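One protein chain is absent from this view; the other protein chains keep their places.
In this document, chain identifiers A, B and C correspond to the written order of the chains, with residue numbering beginning at 1 in each.
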Amino acid sequence: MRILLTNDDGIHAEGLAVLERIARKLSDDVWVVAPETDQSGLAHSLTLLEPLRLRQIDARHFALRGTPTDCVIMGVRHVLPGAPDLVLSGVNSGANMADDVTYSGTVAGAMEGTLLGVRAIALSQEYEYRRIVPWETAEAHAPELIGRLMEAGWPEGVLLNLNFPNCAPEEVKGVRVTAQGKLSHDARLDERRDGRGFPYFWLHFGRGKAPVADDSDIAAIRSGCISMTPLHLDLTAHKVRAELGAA
Amino acid sequence: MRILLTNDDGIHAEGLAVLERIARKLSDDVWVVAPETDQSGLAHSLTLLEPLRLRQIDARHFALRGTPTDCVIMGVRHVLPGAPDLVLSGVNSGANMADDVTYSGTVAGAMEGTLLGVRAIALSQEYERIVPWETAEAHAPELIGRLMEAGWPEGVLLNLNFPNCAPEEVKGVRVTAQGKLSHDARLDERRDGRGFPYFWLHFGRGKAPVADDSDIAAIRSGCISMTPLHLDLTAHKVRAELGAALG
Amino acid sequence: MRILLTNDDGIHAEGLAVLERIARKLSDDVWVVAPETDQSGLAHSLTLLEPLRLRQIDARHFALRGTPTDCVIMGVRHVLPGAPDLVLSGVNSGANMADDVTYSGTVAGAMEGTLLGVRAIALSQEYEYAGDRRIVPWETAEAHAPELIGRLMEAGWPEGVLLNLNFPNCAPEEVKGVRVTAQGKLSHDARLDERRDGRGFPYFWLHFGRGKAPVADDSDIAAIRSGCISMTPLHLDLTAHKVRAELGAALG
Partner (left out) sequence: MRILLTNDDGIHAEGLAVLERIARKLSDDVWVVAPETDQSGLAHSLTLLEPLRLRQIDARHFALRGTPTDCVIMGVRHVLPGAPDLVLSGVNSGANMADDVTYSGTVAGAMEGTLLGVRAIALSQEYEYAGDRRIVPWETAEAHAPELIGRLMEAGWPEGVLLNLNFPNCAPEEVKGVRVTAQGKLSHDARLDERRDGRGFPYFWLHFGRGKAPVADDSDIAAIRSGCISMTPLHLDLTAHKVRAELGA
């Protein structure tokens, strides 16, 4: 019933307005703590070296000069009158799938909710080009999905990662419980000079359309299905522990 | 044989000098690409929104105004004459165990090595700061040698923690699971020199029960801990509870 | 007739909305390039080491992640179709008087206009606290600025000089008049407050003890304390010309 919202696109981004409309279908007790600005690539980082600055827009909406992870902690530990029952992060402008999950500020917001002991869901909306994001699709489908998930709980320590395909609402083919996909890791550095002549680089990622696993988040979205992947924060490769020849 | 080093403590930090002495026990072909400044809590974030600035100290040592993840990408894709055979990240001033792994720049350095297709190890030294660097320094070379000698699986990185003991006092080594600690985030509220509010975020140690197979338990016992980690975050066991759809 | 606006309070600050209303009393050809956020203390600094990021709000309003000086240069050299005839900077939330001038982003916005060859005016509005909130009587700058600027533009003033305008904290109909003032001099009371962060590491806040000491009767400060609008002509030649001849053996 007490729902806390954050995102990585910023307090003023349309995706967050969309999330709050989704949230209000589930409860009236909604709280928003979101970054001041875009947080692309910020992953699960938080702000320890500099002060956090909190800006109140109204008694339920706050912007924070910090990461999504900072936002969730601020919400849970300072802003709300008690722990939220659900944390929602998004709706991101652009999908978060496969190896994105490690780098995603939207996914990290949910993670943080989960580390704080709260049920948490990340939501991301695939689009096409500039951006025409079919927000109505997440908006039409997210409420009932979250309602069902909340009704059937899910395990402690696991968060849900939802991606909505670039389709019109009535065109989405269905929903699938997926696994995290894998794409080729295509990091690229572009070297330039700044006009006082000093070198610098831009980092970006080539995002190829290669084959992925048929049960992946990617494959689902390519098929026009909503993807729901349960994710956890234990990174141990348990199957590997036994070797250990010789410890 | 080609070894790339990075850390989160910065190019000038003693932990990185320690790592390079360790690395030189394994090969003379060592390359260093490390942040300009000491930077906690950066996790697996990278720098997309601003330029990266690379600074050459000598032919094998480079500082980068960016994250450990940026450092590994720069090293692999731009600075080295070909892919390294091994990426080492650390030796961090402070342990990285249990829920730290999600937030650790030191660990993310290794994660990035792995995502680039390279065997990778993160190394961290528990302290009280008085950091008993000599302990990691005494024990790391042989451990890494054995690990390299035995393969380990593709997609898995190793997370090594050394206890706060004198070198001759360490009790042994254990292949461990990632522990789970209680989330212990603290916000201190203040007012700046102009009266305006701000917050400091920091973390205490939390109060969880330690599993006897965890990284934490090993370190508490005076043992070196080695946890194999992987980058598939799917909670596979949970997928089947999909009511009511496929996967 | 072509007017460019900027400020140091940010694209979304009320003082900039105020300045645009004033500007529209003087022309319909108004352009706005302003910082994304608050710029206190940024003086005449500009951004050389990092990229500038421009954001278009509409055809005449742009936010820039940079300083008020960066804004003017962006406006003059990139955004507008030709040089503005007038650069206005403000209306700042708080006065910019005396030793402030060297540090003020608002004043710098005008300085940059002037160095770019354009008539330029900085506007600032004095306020009072209740007791933490600022109550800024924007209506005062709003009521009085249009005619003052119109008269100044009509009479013209020398090239290389910018005007620095302060409005007192009075209701519009209470302002006692306007004075051409000199820059005042306040006691310089910079203070360092030492603290420890959440992890125990030291840091400092820099702040300034303000205080009501006596100033020169022809100063900007004195005028504002009297309830008068202050107009100080400023220039960008810092040479202490009177002191050059004073010599310990060399030409010039």
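The rule is simple: a residue touches a chain if its C-beta (ideal position, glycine included) is under 8 Å from a C-beta of that chain, and two chains touch if they have at least 3 such contacts.
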Item to complete: Would you mind listing the shown chains in contact with the chain that isn't displayed?
Response: A, B, C
Worksheet item: Which residue from C:158, C:211 or C:214 sits in contact with the chain not drawn here?
Response: C:158
Worksheet, complete the sentence: Of A:29, A:36 or A:194, the residue that touches the missing chain is A:194
Worksheet entry | Absent-chain contact - pick from C:5, C:16, C:19 or C:111 | C:111
Item to complete: Among C:59, C:130 or C:238, single out the residue that touches the unshown chain.
Response: C:238
Worksheet, complete the sentence: Per the touch rule stated above, chain B touches the missing chain via residues 48-49, 193-194
Discussion item. I need the residue numbers on chain C that touch the omitted chain, in ascending order.
Written reply: 38, 40-49, 51-54, 70, 73-74, 77-78, 99, 101-103, 108, 111, 115-117, 151, 155, 157-158, 160-161, 180, 182-183, 185, 188, 190-192, 194-195, 197, 201-207, 231-241, 243-244, 246-252
Discussion item. List every residue of chain A that touches the chain not included in the displayed model.
Written reply: 40, 50-51, 188, 190, 192, 194-197, 202-204
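Going forward, only the chains that are shown with their structure count from here on.
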Worksheet item: chain A to chain C: how many Å between their CA centres?
Response: 42
Worksheet item: Which parts of chain A, given as residue numbers and ranges, touch two or more other chains?
Response: 48
